[PDB]
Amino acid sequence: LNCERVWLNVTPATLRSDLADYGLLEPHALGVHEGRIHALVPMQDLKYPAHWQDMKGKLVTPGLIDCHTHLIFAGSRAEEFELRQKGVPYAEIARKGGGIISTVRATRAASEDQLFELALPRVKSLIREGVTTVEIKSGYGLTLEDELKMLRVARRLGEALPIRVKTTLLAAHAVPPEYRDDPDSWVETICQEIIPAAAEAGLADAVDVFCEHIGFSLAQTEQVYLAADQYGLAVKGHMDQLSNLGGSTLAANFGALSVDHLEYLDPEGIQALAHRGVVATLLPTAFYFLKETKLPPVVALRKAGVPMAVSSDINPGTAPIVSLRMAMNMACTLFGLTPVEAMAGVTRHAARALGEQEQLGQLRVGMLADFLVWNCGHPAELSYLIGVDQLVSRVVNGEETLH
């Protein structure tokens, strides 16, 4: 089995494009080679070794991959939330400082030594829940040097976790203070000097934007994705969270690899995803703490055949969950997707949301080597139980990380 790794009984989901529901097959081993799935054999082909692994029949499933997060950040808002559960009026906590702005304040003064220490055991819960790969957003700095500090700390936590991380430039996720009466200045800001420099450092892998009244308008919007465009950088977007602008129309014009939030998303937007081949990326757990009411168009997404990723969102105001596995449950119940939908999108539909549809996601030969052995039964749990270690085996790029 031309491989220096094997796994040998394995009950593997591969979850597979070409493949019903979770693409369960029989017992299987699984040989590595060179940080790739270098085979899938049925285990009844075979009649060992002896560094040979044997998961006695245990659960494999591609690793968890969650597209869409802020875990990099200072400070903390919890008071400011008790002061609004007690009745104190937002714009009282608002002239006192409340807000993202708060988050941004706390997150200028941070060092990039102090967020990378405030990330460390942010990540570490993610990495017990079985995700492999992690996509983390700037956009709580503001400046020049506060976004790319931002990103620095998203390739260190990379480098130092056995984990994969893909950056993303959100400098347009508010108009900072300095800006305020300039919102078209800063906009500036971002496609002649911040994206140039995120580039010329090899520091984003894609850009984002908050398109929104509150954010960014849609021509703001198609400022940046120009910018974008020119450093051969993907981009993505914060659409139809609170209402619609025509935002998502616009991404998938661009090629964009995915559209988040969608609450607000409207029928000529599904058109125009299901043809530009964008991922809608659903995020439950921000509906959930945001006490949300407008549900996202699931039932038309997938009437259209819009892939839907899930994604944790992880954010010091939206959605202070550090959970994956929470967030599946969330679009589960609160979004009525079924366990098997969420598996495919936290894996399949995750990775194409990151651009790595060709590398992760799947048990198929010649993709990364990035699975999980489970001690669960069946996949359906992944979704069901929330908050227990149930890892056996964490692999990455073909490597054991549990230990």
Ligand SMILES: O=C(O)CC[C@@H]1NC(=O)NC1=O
Given for the second form:
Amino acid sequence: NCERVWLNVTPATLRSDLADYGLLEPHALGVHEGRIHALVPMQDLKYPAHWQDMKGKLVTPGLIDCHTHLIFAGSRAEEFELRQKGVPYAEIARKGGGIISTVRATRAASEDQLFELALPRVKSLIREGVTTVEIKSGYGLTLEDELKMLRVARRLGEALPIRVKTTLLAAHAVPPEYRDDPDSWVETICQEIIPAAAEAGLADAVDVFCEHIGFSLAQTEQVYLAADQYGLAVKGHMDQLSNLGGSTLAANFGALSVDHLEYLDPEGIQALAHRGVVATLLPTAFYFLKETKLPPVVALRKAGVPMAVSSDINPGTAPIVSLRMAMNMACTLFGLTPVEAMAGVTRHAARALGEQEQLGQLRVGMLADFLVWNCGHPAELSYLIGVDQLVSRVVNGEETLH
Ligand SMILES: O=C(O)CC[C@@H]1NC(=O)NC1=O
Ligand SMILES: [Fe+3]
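Since the one above is the form solved without this ligand, can you give the form solved in complex with this ligand too?
Next comes the full complex, and the chain you just saw is listed first.
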């Protein structure tokens, strides 16, 4: 008893209780009020005519990119070129290069301009099969500019057939105006930005860049405390350049996830395992930054810590708008299997966004966010990159290709 039905689909359920991809024999998938209402093997059936026959095509949950900075203005391309040519970073920086140039360009960009700049980026993720994307602020570094980014994020979720989770990342770096008083900036975030963002219902979570050239463990704790007071979930950019113990702090605050982790240690891994925190791998940033210190994948696996994989789309360290390329890199650079990568962009990605109960698996009762592909096996999703392969892209039970 459901409005729409997809006949003859070969489901890669990605169910948490099923091995590998949770692939099953051909089934019939029916949706009711935006949710998967029923999953019945075809042998138990023998339509109406509005029922769509997929003729055995593979179906999977919609992909999820749980860590992006896709909203931004300006371009760091010229700066990159100069570096490749051999110009010292000091010269580039003294002339205002680096993350600050993105901040100035983004502050200067109007809300309408950021929206128009982000549209084409989100459309590329959409055609790859991404149905839920997380977008962070962090390039505003002022109360008005940080919320401006969050508003653009909400706008994208309303204008396009894709779910958007917003994350306040005001603690991405210390703005120029607070250069000599970092703690003053932290107070602003805690006493003004988080409260204003929460009051407007603009933030689903709060993030922090905890590092030596970022925010200290103490300053990071101040932020999580404020988030806590407004009932906002927390997460953080941890152990990317060094270990300050940030992952353990985040775990103690019930973080949804910790991201990067190149320098994560055993103690931290133990904390993550115990608090059920998701470890988010960002292979693209690792690639582009030409890093050599690999995240402790083997240890994370041994401890059973779920690992999500994300594109980390951002103008500074990962200018690649592709979730699937990230999956390919997680396998090639971090040694993940195609099945770990797939769970990394479904089941585990959902959990990293606090949506473990609603998305990421083809189970009765969960939201109807699924994809019908023209390729034969799910392993191919992490393998062949750059080709449009969607036959059907369903979000909340409704077709979105046309
Ligand atoms: O440089 C940028 O624009 C963002 C870099 C990005 N943010 C962070 O905390 N780590 C990264 O790699
Ligand atoms: Fe990031």
